[PDB]
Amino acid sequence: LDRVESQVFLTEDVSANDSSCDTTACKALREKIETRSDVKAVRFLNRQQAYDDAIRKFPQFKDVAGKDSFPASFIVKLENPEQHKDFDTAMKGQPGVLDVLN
């Protein structure tokens, strides 16, 4: 068990109709994250998965949310939980990054 993971949400261009992070922008951002010395692993959650996860927890949005109104993200494992503070800051300053949680 990793105690914490970082979730890096992507702006709407990065993830558009991209189910597996196969577009130029998504790959460019993944590579910028993966090659950081403080990053252990990265996995991608597409817009469809983000919708399913959100609507599961908040069905109230069902009538107003389009199938792509929930941002995609990278779930990132760091080498240790202490590394999350400066990682978050760095990620928030990356073109294509919407927000960072945890």
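Between two forms, the rigid core is defined as the largest C-alpha subset superposing within 1.5 Å. Positions refer to the first chain, counted from 1. What changes on going to the form deposited in another entry:
The Cα position of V14 differs by 2 Å or more between the two forms after fitting on the rigid core.
The two forms, fitted on the rigid core, differ between the two forms by 2 Å or more at the CA of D53. Core-superposed comparison between the two forms: the CA of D68 exceeds or equals a 2 Å shift.
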Given for the second form:
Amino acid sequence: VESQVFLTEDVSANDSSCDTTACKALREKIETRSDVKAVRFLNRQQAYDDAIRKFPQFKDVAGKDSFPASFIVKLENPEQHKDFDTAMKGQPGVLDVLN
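Now that we've seen the form deposited in one PDB entry, could you pull up the form deposited in another entry?
Just this one chain is shown here; partners and other molecules are left out.
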């Protein structure tokens, strides 16, 4: 069980490796959480590819631009994710958190 923190459109479209300073700074910000053990970046292309695989019926219909880049986040205890989700939603540069 891992959390997924969605990023904003311009980072999604233009940063394929989280090498913009803001995306890196945002990865660091998340890593500082007392309840976070690991943070992994997943770009727009890869996330689209992973989804299309798992559900091969939108191969044409759905485009990658519907898929935000994100951080896949391993928490200390995934049953206590409430505080984390709250912080993320209050964090600038974070679009949403997967519910």
